[PDB]
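Okay, so here's the structure we're looking at.
Not every chain of the complex is shown here; the ones you see sit where they belong.
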Amino acid sequence: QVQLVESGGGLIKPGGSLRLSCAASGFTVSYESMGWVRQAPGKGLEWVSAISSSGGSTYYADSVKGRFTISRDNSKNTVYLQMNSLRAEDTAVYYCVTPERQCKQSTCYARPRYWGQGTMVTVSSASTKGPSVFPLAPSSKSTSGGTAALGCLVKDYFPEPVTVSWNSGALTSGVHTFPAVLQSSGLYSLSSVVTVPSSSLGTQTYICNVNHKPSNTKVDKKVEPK
Amino acid sequence: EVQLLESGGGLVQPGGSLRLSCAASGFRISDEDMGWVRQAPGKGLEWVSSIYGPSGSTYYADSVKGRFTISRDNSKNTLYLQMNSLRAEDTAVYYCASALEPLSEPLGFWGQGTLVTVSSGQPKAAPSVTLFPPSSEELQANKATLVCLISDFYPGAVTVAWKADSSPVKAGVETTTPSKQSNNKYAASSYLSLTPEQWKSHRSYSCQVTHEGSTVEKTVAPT
């Protein structure tokens, strides 16, 4: 298990092109078969392409053929994955594993396995957009002890990041501003909850501060009971 | 279609042991050289063990030789991976992987992948779950989103199930992968996109999250 340096991910719109690569940094790789594995968010792993040691034999997955091209420059200890006409189905994290072959040999058993860090490829037709902030109101059930959780939903913004705070940073105890999710629209969305004493509910007023400077926009939005 | 479903794995203190199972469906594990690969952030996918056909000859990474054991049970069509004397560096998501048959419909086949965690100072933790119905300001804005927020669970692995009334739901489900918190527990979100018609045309909606199989859930209704 020896690491290769992986490069060439990033963001693009559908139909665009990106190139990934893995190279050896300061050493010479024992040339052998190489493959690329990707994992879409929330889904399992899948092989997208493989190339033989000499670089002459190439596999491609059916949802990938024609658009992708694997290659390698053994003089540079580098394998490439040229991706063209990218679609939203290609948004995933791509890895640089070496395949597991039918070995039958003491040379295929103890061959060095090479791995890449894993770069994110994002294919989105969206761009800069301010967020839509919705109040996640407290519930009908408020014990005069504590147990009062309110939040605010930050929907359909682009791109990362967004800074969330409560009452202009006054309130800080107990907030969980969750990581954002990418949805089928290409936009991001997250929410930020606090849990707060219920005796202050109705007397203390809570507003969450939701900055998206990529679009130069905040929202401070109340979370009052219905 | 053939399938490889994984079971086993969990939380263990240094020195403990686990056994991962890989249920083979649609084919027998003996003719096909299976292997295990683990996934860790910044570590990519690294092969830790692989079995090579009837001769029983086995490959092991240097860091797991003498501790891990690959094995097939053909009377049960299952690929096993015994993991003894576990250390902190063994913490990863372990995937069941087959030989690669490159001229076939897909090239390789993968298991779902179960989390294996090895730590000492951190105990088990059941998740805190609160479910929010769509806000009135959002339903008045022609769209509806159910927000299920999960926090304070260890280890960092959950699976979320959404249910209209009682039937499981298919589409519009977006759940992030668990993320470490400040108290070194984990958090996760689960959103269910929804058009205002289906929200008002259903008696209830529920977000079932299970961590170590732990069905915790919440139910909301327009009423």
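Things to note:
Order as written gives the chain letters A and B; numbering starts at 1 within each chain.
Convention: contacts are C-beta pairs under 8 Å (C-beta built on N, C-alpha and C of every residue); 3 or more make two chains touch, one makes a residue touch a chain.
Although the view holds one copy of each protein chain type, the assembly as a whole is A x2, B x2.
Please note the rule applied: only the chains that are shown with their structure count from here on.
Subunit A and subunit B have CA centres that are 17 Å apart. Subunit A makes touch with subunit B in their complex at residues 1, 3, 6, 35, 37, 41-42, 44-47, 50, 59, 61-62, 95-104, 109-110, 113, 115-118, 132, 134-137, 149, 151, 153, 155, 176, 178-183, 189-191, 193, 226. Those residues of subunit B lying in contact with subunit A across their complex are 33, 35, 37, 42-47, 50, 52-53, 57, 59, 61-63, 95, 97, 99-100, 102, 105-108, 110, 112-113, 130, 132, 135-138, 141, 145, 147, 149, 151, 174-177, 179, 181, 187-189, 191, 193.
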